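J.: One-letter residues, chain by chain:
2 protein chains.
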Amino acid sequence: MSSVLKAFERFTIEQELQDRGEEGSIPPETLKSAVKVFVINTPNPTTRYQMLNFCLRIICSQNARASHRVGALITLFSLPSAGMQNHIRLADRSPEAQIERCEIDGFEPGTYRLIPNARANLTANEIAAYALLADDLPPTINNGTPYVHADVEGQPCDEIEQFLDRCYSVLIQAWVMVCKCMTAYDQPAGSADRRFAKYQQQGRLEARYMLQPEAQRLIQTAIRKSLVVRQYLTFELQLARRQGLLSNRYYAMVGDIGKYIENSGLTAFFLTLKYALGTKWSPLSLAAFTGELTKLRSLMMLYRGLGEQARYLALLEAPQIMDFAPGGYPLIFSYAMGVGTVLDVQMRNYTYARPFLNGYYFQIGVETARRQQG
Amino acid sequence: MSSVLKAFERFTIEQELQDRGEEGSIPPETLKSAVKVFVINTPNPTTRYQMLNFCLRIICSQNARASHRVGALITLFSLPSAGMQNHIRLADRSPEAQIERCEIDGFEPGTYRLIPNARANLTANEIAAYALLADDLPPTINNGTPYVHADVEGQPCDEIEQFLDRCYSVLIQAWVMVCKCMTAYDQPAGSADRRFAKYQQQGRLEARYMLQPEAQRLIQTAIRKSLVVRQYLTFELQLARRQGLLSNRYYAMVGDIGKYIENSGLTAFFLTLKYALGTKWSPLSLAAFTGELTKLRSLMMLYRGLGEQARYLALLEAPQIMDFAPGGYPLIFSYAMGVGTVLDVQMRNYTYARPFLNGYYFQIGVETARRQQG
RNA sequence: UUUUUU
RNA sequence: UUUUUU
RNA sequence: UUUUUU
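Those sequence lines, one after another, are chains A and A'. A prime marks a further copy of an entry chain.
Here the first sequence is numbered in PDB author numbering, starting from 1 and rising by one per residue.
Here the second sequence is numbered in PDB author numbering, starting from 1 and rising by one per residue.
Don't take each hint at face value.
Given that identical chains are not distinguished, each listed pair holds provided it fits within a single copy or across any two copies.
The list that follows gives simulated cross-link-like pairs (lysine-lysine, BS3-like), each with its CA atoms no further than 30 Å apart [claimed, not checked]:
hint: 1; residue 1: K6; residue 2: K259
hint: 2; residue 1: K198; residue 2: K32
hint: 3; residue 1: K180; residue 2: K274
hint: 4; residue 1: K280; residue 2: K259
hint: 5; residue 1: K36; residue 2: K225
hint: 6; residue 1: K180; residue 2: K36
hint: 7; residue 1: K225; residue 2: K32
hint: 8; residue 1: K280; residue 2: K36
Calculated directly from the structure, the hints in this document are not laboratory data.
Using the sequences and the hints, build the whole thing.
T.: What follows is the structure in structure tokens.
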């Protein structure tokens with residue numbers, strides 16, 4: 001019959017799209033750890049280099065609380081700001097944060113101790129705790145500094161332009177690790193290898209401030225296992241896609257790597273799109289099977305409806321990412337892999353063997369490709 | 001099925017075009033090095049020749065700060081201005097700059113020292129620093145001067161018209177190096193060879209003021225690794241495409257070389273356009289594969305939407321350049337190369353062998369071409 | 001009534 | 001749940 | 001990421 005099929009499609013579409021909710025939903029007000037973020041009123045470049053080393057060590061430290069690592073990351077990714085108050089008021093949106101502003105006047109010389117402002121609210125004890133924290137690197141980190149070349153922490157900085165080189169090499173390493181932070185981990189990544197090669201050859205990444213592979217993996221894990229940091233990263237990426245061609249050097253790098261971050265972890269979805277709705281002959285083989293096809297169509301409507309942040313799924317780990325799973329269309333997925341295994345050799349390195357991979361439809365993908373070619 | 005394919009196309013288009021943001025986006029206010037640019041109130045041609053040699057040496061110097069090289073380049077490319085204040089207020093737009101105007105009254109005779117104005121704010125110490133900086137050429141630069149013929153720095157200039165010849169030969173060499181500054185480097189470039197031959201034979205380039213190959217490579221690198229300079233270059237090119245046929249000699253040369261600068265580094269994109277959407281028979285072979293085709297169509301919409309500056313991608317290194325990468329359509333790219341390898345012998349010198357180059361589709365390009373011909 | 005998979 | 005490439 | 005030609 002026919003009208004049954006039409007009602008079937010309309011039902012699929014509605015049941016998928018109904019998970020939209022309201023965009024301005026203020027979720028339940030849960031427990032939120034108090035975070036202390038460091039703000040520097042006037043642009044003291046030596047203070048900022050000190051703070052960058054401070055926070056990189058905090059994050060690299062092992063005996064640090066999660067709120068400590070979060071204050072560290074939110075201060076670190078917010079150092080290039082001119083007026084840092086109104087740039088931390090950007091993370092202020094995030095519901096899972098109750099940050100308090102720490103008005104830093106400087107560092108006690110030669111040591112990691114802090115020098116608070118007058119209006120700021122700080123006691124010496126927490127300062128000493130921070131100090132004893134800021135020097136606790138794991139034993140695998142060689143030479144007691146996160147960088148590969150130990151002298152870098154010792155290099156003095158009083159000119160804004162050198163601090164900018166240092167800060168930006170640091171942050172580009174950070175974002176490059178964020179790229180595969182939720183997906184590929186505990187593994188030396190050829191992908192991050194190549195992204196680092198590219199950003200060196202582009203002169204944005206300076207081997208003068210390269211970080212050791214283990215410190216890279218460490219900051220990757222440390223940013224993954226926090227959330228307010230990733231909400232702030234998404235705030236930043238959505239600012240960096242809002243600027244025109246005229247931009248800072250920072251936001252430019254931000255967007256350049258965001259072009260790699262976006263659409264993270266939805267690989268099976270997009271590969272199915274590519275090797276079934278891209279190759280003009282897939283319904284030529286899978287024409288009977290409209291369930292998966294309307295499934296995918298619903299998924300695309302959902303994607304576009306989700307908003308601009310739809311690309312930051314695996315980053316924000318919002319619930320919706322479960323939808324696009326390849327379980328919702330295993331036959332078309334098996335065919336898409338059976339195609340990609342011959343229309344690409346690079347894809348043969350994908351974890352495409354799934355529990356629900358149809359063997360015969362993968363075989364049909366293979367044979368269709370080999371007939372297209374042979 | 002069909003409606004799946006239609007939704008697929010619409011989704012591709014939207015996901016590509018949504019990266020537009022807002023044209024007037026004022027990015028995050030990051031750290032910006034203070035730049036001192038030299039302004040000459042009244043048209044003193046001897047002062048301007050002195051300043052041109054001053055800045056060319058500064059840029060060629062090795063022990064100079066980045067803010068120094070930036071002040072140098074922004075003064076150099078802004079010497080032909082009549083009222084230099086309101087021509088530096090053009091670079092004033094750029095967010096990554098906080099330039100301060102240096103009201104120069106002249107040079108102390110026989111030396112590189114500067115003579116400030118009354119209202120200007122300058123101390124002797126920075127003047128001496130500038131002086132000791134302005135004479136620090138690398139050892140590979142022969143004869144202690146950037147030019148090939150040493151006497152040129154010694155040639156006195158009091159008449160505007162000679163200063164103009166010198167200045168403009170300098171600047172045309174600069175722009176010719178800018179042409180392949182982000183793309184092809186650390187290599188003697190036959191392209192810059194031919195552009196220099198052309199601009200000599202056109203009488204715009206004067207072998208009297210030719211610069212040595214190594215000094216060329218040096219200024220190329222020095223302009224690449226700065227950004228505010230490239231934002232100012234783009235300001236200039238967008239002024240030079242706004243004048244009619246009636247123009248100065250300067251802006252005319254500017255635009256003439258901009259016709260080579262524009263659409264920089266997007267070569268794979270345009271070659272795919274040329275050898276797949278140019279040759280009227282490519283869908284004749286690749287008709288099934290509509291994914292890449294709608295991909296390209298989205299790319300073109302994005303290009304046109306980006307604005308007039310869309311041609312200055314690799315120059316401005318704005319984030320968007322990542323989009324047009326040949327990774328987003330490897331099969332059509334392999335076919336386009338398999339075609340261009342027979343419909344052109346010049347293209348055989350392109351770095352077309354990519355990791356994701358399909359061998360069989362390159363082979364199909366080759367065979368289709370050889371059947372068209374044979 | 002329920003019962004596989006994600 | 002994730003996993004190739006840019 | 002880039003890479004031929006004008």
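J.: The structure should be examined with respect to each hint, and the outcome stated for every one.
T.: Evaluated hints:
no.: 1; hint: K6 <-> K259; verdict: between (38 Å within a copy, 25 Å between copies)
no.: 2; hint: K198 <-> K32; verdict: between (39 Å within a copy, 25 Å between copies)
no.: 3; hint: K180 <-> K274; verdict: within (21 Å within a copy, 34 Å between copies)
no.: 4; hint: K280 <-> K259; verdict: within (27 Å within a copy, 32 Å between copies)
no.: 5; hint: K36 <-> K225; verdict: within (18 Å within a copy, 36 Å between copies)
no.: 6; hint: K180 <-> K36; verdict: within (28 Å within a copy, 42 Å between copies)
no.: 7; hint: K225 <-> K32; verdict: within (15 Å within a copy, 33 Å between copies)
no.: 8; hint: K280 <-> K36; verdict: neither (55 Å within a copy, 59 Å between copies)
Comparing the model with each earlier hint shows a violation of hint 8 alone; every other hint is respected.
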